[PDB]
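With one protein chain withheld, the remaining protein chains of the complex are depicted in position.
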Amino acid sequence: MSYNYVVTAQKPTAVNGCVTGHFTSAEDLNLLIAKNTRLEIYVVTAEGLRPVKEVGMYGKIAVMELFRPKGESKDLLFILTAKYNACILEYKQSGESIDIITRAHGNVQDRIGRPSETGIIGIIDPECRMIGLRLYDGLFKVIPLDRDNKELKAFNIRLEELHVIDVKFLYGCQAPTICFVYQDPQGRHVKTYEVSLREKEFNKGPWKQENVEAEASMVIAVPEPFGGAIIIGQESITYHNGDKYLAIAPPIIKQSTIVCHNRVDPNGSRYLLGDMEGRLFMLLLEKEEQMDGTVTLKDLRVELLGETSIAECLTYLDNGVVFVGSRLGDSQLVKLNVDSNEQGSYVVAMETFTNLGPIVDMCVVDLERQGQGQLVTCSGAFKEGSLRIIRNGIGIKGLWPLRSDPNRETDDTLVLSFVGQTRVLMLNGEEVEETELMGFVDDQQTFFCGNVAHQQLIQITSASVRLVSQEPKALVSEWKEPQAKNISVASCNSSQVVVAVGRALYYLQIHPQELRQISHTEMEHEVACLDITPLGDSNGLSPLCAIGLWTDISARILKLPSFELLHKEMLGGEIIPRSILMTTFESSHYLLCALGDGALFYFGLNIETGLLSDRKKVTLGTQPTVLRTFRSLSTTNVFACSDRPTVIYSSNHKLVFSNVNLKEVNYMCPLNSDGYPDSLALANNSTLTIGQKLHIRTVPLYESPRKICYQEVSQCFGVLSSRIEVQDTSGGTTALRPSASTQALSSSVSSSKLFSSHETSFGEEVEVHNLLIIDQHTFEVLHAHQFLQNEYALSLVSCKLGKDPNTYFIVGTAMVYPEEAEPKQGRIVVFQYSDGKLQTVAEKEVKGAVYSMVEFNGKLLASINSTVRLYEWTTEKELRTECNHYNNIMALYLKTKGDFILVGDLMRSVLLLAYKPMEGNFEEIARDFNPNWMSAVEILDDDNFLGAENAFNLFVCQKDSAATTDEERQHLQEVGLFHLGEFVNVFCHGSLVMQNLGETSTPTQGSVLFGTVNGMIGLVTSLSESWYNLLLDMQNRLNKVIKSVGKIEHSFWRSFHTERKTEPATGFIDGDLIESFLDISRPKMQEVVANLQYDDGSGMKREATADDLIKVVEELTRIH
Amino acid sequence: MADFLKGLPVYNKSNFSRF
Partner (left out) sequence: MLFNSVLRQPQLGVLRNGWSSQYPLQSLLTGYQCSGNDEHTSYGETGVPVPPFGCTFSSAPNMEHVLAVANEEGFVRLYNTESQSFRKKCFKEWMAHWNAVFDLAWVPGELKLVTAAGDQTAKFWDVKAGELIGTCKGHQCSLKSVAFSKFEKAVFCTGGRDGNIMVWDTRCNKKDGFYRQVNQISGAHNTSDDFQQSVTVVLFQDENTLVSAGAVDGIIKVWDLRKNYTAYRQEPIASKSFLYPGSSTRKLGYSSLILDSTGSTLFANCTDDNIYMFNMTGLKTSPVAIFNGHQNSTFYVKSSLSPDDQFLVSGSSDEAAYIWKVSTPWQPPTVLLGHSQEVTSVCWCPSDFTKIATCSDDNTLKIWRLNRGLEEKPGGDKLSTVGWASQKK
C-alpha cells in the first residue's frame, strides 16, 4: 500500500532566475522572476509592479536570458532547466487570452562530461548570433540562433582550459568573442576566444591572456563605448581591454565577496554590485575623450550605496528603483535616493515581497485549540532569519444598507451610535466631522435602517419620527409607532423600512403610491423576519414568500399563503437555529440553518413545495450564529458569526467552510469598498477590529534559526538560533546587529565545567548559539540562553521524560573547532522553563555530535555521530544509557512511531530499527540498500517509509511482508519514486485544514507537510490502489491533452533523477497536474476522460463524465 | 548632488510617480 499524492500548498518563493527587458511588448518594461519552477512576468507600471502572467516550468530554471534577434519586435526568452531542457519562449497576447509559446526546444545534455563546479553558465551574443553554454568541464556548447533551428541543434567546442570560472560575451567585437576567467596550477587567468560557427571552433582572440587575482569570481562585459571586461575578485577590481589595464583595491570590498551585478546605464558608466552581507555597492566607470572620436576609461571607483537584503539579484528597473532578489530572505523593491539620510544610506526600501526562504525546521501547532492547525517555520538565514507563521484562512457603530446612491450604491454617509445613543456622522467621503445638530436628538440608538427612494432617510427613535436632514427633508416613509418599541430581532431591506415595534401590527408599507397588506391576520408572536430574500440583484420581486416556521423547522417546506404545517420531520437540533437567512451564491441558493451550539442543517430550495435536499454537518463554537449574506462580489456568500466564523464559498455542489482571518466578531456589517474589501471600518463588540488562501506572519529575528519546538504546558516556542559575531582582540567579541538573542527580556549564559576541551585571529567570525523561549501570543523573545563557546546546538526536543511530571526543553549540542572534520564532544542539556527563566537540570556529556533527538516512549533517544542511543530519565533526574546501535555512518535524521525507529544516513538510505522491551536493545528489522544521500525522512504507515534525496527527489520504501522467511525480510524495497525538484529540509505530520468529518470515506489517508529550501510547502497523502490507478490514468490523459510551456514531457520532468540512475517515477501522483484539470476548458475537459471507466455507485464502471471527474478533483483539492 | 548618483536612467517620468 504505497500510493502517494504530492501537491504544493505554497509555491516556491526564493528567487534564483532573474531578468528585465521588453518581453510582453516593445514599449512596456518587464521584470521576469524565476523561483525554481515558477516564472512570473511583471509590467512596470505607474502604480508599481503589475502581475501579468505566472507559468510553471517542468524543471528548475538555471539560466534565463532576454535577447532580441534582428527583426523581432519584442524580446524572446531563453530558459534552460536543471535537466538541460533549453527552450525559447515568445509572449503572445490574443487580445484577452494570454499565452506564451515555445518557438524552439531541445535537450542539450551530453552523455559524456563532468558538470562544472561553478554551475551552469548561459550567455547570449550581443548581436544574438548564438547562445553559449558552459555545462561540462572542457567543453563549450554553442547553439546557432538561426530561425531554422527550431530543434535547438548545438555543437560542442573543445577548449584546453578545463576549469572555467565565468564566461561572458564581449561588446563591440566584429566576430563573436568570449572572455572568461579560468583556473590552472599557475593560478587564475583571463582569456579571450573568437567563436567561429562556420569553422565551429575557437580562434586566437582579440587580446592577450593576463594573470588576475587568485580569487577572481565573475566577469562583466562592458558595452560599446568602453569595451573590454571587468573582473571583480576579492579585494580587487580590474578592467581589461587590449593594452588598457585598470586596477583598484578598495578597502570596503574586501570584507565580503561580490555575488551579483547589474548594469544601470546602457553605456556602462554605472553598475550595481551585490554582496553576501547584503550591502549594495555602486561601481563607477569614469570616462574621458581623447580630443575627438574614441572615448576611454579613466578610473574605476566603487561606492557603498547602502544595505539591502542578502541579494541573489540586483536589477535596476527605472526611475532610481532597484529590484533586489533575495534567496535567503524577503525580496525587495528599493529606491536609490540622490542624497543620504541619518546613518547615511542611499537605499530606502519601498516594497517587500515575502519569501519563506530556507525552511530549516517547522512545526504544526494548534494555538487556538479549535481544530485547525497552523504552521510555524524557521525561515531565512544570517540577518534575514525570521519565524514565519502560515495559517489557512480568508463611538462609531451601526448596521444598515444605506442606499445613498440609488444606482452607484456603496456608501458615503453613515450614522455613529453609542450603546443607547445615536447621531448621524458626516462622512463626506474620506473625512468626518463631529458637530452637534440642534434639530436632532442624540439620546436614543438605532440598530437597523434603510433607504427606499429619493434618498429618503428617516431618523428612527422610540418616541416618534422626526427628521432634520438635507437629502430627504421629508418623512415620506413614515414608520408607525404602535407601542414605541426598540429595534430588536427586526430585519429591514432597501424596499421597506420596517422594525419590530408593538403587537397590534398591520403590514407596514407606508410609501408613496402603494400600501400592501400581506400581514393582515392578528399575530401575537414577534417574527424575527417579515421580509423577503431576493434571488440575485432583483429588488421587490420575491420568487417565493416561503421562509418556514421558526417554531419547529420542519424539513418539508411550506408556502406562506397556505400556512399549513406539512409532515413532521424531527431534527437532532431541537433548539431552534439562531438565524436562518437565504444566501445566493454565483448561481446557487441554499437553505442553511445556523444553529450555534451544533447540528447545522443545510437544504436546497426547489420551486413551490421544494421537497428536500441533502444535509451537511459541521460543528461550531458555543456562540450564537448569525447568517449574514454580503453583496460584494459575483458570489454573494454568507458570513457566519460563531466563535470561529465560516465564510462559506460555493463550488459546483459542495460549499467549503473558509475560516476568517481575524479572532472573532459577533455582529458586523461589511463594507463593499472595491478598493480594499479586506480593510474596512468594522468595529467590534467593544473595540474597533478592522478585519488569499494562505496568510504569512513574519517575526524577524536578525539571526539564523535552526530548530523549533512547541510546549503547550508553558505555551512557548523553543527556537535554536545562531548569531554571527566578529571577534576583536579588544573587548572580547562584539555583536554585528542587535539581533533577537541579544534583545531578550531575561538572558542567561551556559556554565558547564565538564568541557575543559584555541585562540582565534583578531577578525575571525565566530558563531554564538542560543536557545530562545518565545511567547506564543506576542511572539516576543521571553528568554535567551547562550550556550558555551564554540558550541553549536543542532537538535531540540520538548517532551516529558519518564515519570517526571515536568515538561523539559532538551537540546543536543556539539563542540566544534576549526581543525576537526567531525565533532568529538557533545552535550544533551535539559532545561525547565518554570517562570521566565530557563533552569538547567542535566548535562549528559557525550562523545560526538547530537544531530537529532526524539522522545521515544517516555525515554529520550539521541543520535551521536555514527550511533543511535537510548536514554532513561532516572528518578535522580539524570539520563542513563540503556542501549546503543552502531551500524551507521551518521544518524542524521530520526523518526519514530510506536516501537519502530527510522534512521537516516549521510550516504546510506533509511534504516528501520525496533526497540525490544523484553531484552532491552535495538534490532535491525530491515535496511534499504540503495545509497541515497538523505536530506529528510518520515514514517508514513507501519510499512511505508518516506525519504528525501539531496538531489531533489522523493522515495517511499516498503517493509516487505509477502516475502518468504529469509534475509529478504531485511530489505526495504524502494517502491515509490518521484522527482519533486525541491530540496526537502523538514518533514512533519499535520494539516492546515479543519480536522473534522475526516472519516467519511476520504480518498486520502494521513497528511504529511514537507518544507524545502526554496520556501515551498508540500502535502504528501497516501491513496488507495483503485484511486491511485484512476489518478494515474487521469495524469496520462492530461499529459496527452495539455501542453507544457516549454514543451517538456511531464514524465521526463517527474522521473527520478540522480547522477547514476534516471528511473521513471512510480507510485506517486502529481497533485499539481491533477488539480490543473480544473483549469482546462470544457471541450478540453471532454477530450480527457473520453473513454475512461469510473466505478462510483458500485462495481459497475460507467463511462465517466466530466462532472464526476470534477467532483473527484475538487474532493482531492479540499485537503490541499 | 554630485554626478556620483544624480542622473539615473529613466524610461518615462511617470513610471513611479504614484507608487
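So that you can tell them apart, the chains are marked A and B in the order they are listed, and the count of residues begins at 1 in each.
As a convention for this text, contacts are C-beta pairs under 8 Å (C-beta built on N, C-alpha and C of every residue); 3 or more make two chains touch, one makes a residue touch a chain.
If you put the hidden chain back, the residue from A:410, A:483, A:685 or A:884 that touches it is A:884. Among A:25, A:45 or A:118, the one in contact with the hidden chain is A:118. The residue touching the chain not shown here, chosen from A:607, A:821 or A:918, is A:821.
Remark: the omitted chain is touched by one listed residue; of A:492, A:892, A:972 or A:1019 this is A:892.
Listed here are the subunit A residues that touch the chain not shown: 111-119, 136-139, 158-162, 328, 358, 360, 381, 704, 792, 794, 814, 816, 820-823, 847, 849, 851, 865-867, 884, 886, 888-890, 892, 906-908, 929-931, 933, 935, 950-952, 967, 983, 985, 1013-1014, 1059-1060.
Definition applied: only the chains that are shown with their structure count from here on.
By the touch criterion stated above, subunit A contacts subunit B in their complex at residues 29, 44-48, 264-266, 282, 284, 303, 305, 316, 318-321, 336, 338-339, 346, 350.
Against subunit A, in their complex, subunit B makes its touches with residues 1, 4-6, 8-19.
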